[PDB]
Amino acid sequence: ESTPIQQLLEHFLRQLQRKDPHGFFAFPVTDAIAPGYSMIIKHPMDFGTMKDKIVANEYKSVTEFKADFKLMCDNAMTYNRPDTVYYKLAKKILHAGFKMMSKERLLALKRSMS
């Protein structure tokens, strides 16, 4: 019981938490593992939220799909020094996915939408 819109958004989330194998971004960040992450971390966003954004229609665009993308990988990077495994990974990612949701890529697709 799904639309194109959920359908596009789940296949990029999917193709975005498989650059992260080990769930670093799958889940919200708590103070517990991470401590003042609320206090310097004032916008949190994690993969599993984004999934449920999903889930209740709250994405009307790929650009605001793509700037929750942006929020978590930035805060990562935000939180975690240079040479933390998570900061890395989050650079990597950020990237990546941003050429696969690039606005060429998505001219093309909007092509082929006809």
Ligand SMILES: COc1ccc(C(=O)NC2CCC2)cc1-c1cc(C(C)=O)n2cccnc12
Second form
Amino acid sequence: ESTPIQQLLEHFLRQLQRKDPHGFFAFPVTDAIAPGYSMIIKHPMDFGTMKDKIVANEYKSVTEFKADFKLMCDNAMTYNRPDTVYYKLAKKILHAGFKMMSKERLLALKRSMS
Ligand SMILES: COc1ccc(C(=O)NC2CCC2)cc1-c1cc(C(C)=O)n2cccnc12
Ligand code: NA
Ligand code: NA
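Output the form solved in complex with the named molecule next; the form deposited without the named molecule has already been displayed.
Next comes the full complex, and the chain you just saw is listed first.
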């Protein structure tokens, strides 16, 4: 059993995960691979956690989905230094999400949806 909003969020999540072929954003970061992570980053987030929330119908809106997506990217831009692959990939993914899920793009989706 699924709903229109779950199918829409699954589509955005799939498109964003395509930009992360190696799965750096696929599951939670552990301190063993990222020293000090859990001290620096107080509110972890990852694409696997977001998928689970979609399945449990925990997002009321695209705005709520975007807030978890932005948190994930911000954590990576805060913890990692700028010359690292994780910092650079976080910027690429976040730029893609801004364009995919902007207020303007959603407006048009709604009108067509009416
Ligand atoms: C779930 O997180 C990961 C999973 C797998 C890998 C990984 O396979 N990295 C290889 C490229 C050289 C090792 C890295 C990460 C990873 C993500 C991140 C993030 C998102 O900050 N990170 C930061 C420092 C070190 N490793 C990571
Ligand atoms: Na945080
Ligand atoms: Na799209």
